[PDB]
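The chain below stands alone and is given as structure tokens, in the form solved without the named molecule.
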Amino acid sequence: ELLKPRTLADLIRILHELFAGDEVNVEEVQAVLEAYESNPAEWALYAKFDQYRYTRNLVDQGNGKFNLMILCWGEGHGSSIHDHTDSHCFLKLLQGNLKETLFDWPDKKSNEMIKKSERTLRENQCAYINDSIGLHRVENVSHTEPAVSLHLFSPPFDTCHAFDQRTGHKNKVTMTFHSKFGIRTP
């Protein structure tokens, strides 16, 4: 029975219930993420920015079932085109706006990766992707507003691929945490 999360802590408690088993009800998880109304005071601890690129800030390890993290995007910061390592990805906006550009998996032949579509994800909205759907790039294209997003990855993963938009060629990337549980982790 899905109830509205009252706070980030309540959300986390509900997520531990939704991931208690071995499968994932994507629509329920997305609905509860969307229903949490972002409260900046509740997540300020995790919102640690870097001047030069976006940061990944671990919030909860989901009793091993998921990584819940907060990504902090300075003005003009964005990601590579990337996959999600056979995991679910839920992305909820906590502050600002992000542009999500979708791409299909490349063919073996070296070719330009052409976007399928793009959209603007707005405060409190929750997007979903997995490798069966395709690849994406996420960007804060704002010149004046930092963005903050809440990401849930299940199962957790520490590597993925970045794709060269010019060729479709992929390279393995190891993701690093800027902080864990509010503590800077150099």
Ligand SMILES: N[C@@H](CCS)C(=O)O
Contents of the next structure:
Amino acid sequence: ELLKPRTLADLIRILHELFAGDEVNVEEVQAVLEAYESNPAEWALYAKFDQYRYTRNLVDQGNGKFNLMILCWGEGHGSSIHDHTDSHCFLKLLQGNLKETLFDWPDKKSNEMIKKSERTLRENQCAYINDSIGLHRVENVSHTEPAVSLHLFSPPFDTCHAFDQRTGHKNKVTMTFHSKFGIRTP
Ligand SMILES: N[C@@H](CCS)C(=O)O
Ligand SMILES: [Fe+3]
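Right, the form solved without the named molecule is done, so what does the form solved in complex with the named molecule look like?
Shown next: the complete complex, the earlier chain at its head.
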């Protein structure tokens, strides 16, 4: 029985219940993430920006079943085209807007990766992707508003691939945490 998370802390408790088992009910997880109404005071601790690129700020380690983190996107900051390492990715906007562009998995032959679609994710909306669906790029295209998003990955992963839009060629990337539990981790 899914209830509305009253706060970020409550959300986290509910997520621990939803991931108590070995599988993931994706529609339920998405519904509870969507139902949490972003309250900036609750997540200010985690919203640590960098001038030059987006940051990844760990909020909860999910008892090993998932990682919950907050990503902070300066104006004009965005990601590569990337996969999610055979894991679930849920993304909820906490502040601002992000452009999500979807791409198919490339064929072996070198070719421009043509965007399949795009959407603008607005405050409080939750998107979902996994590798069976495809690849995406996430970008804060705003010139005036920083963006903040809440990401849940299950199982946790710290490596993925970035894809060259000109060719489809992939490279392995190791991701890093800007902070963990509110603490900057150089
Ligand atoms: N997976 C990317 C963010 C977009 S989902 C990351 O963890 O930095
Ligand atoms: Fe992603």
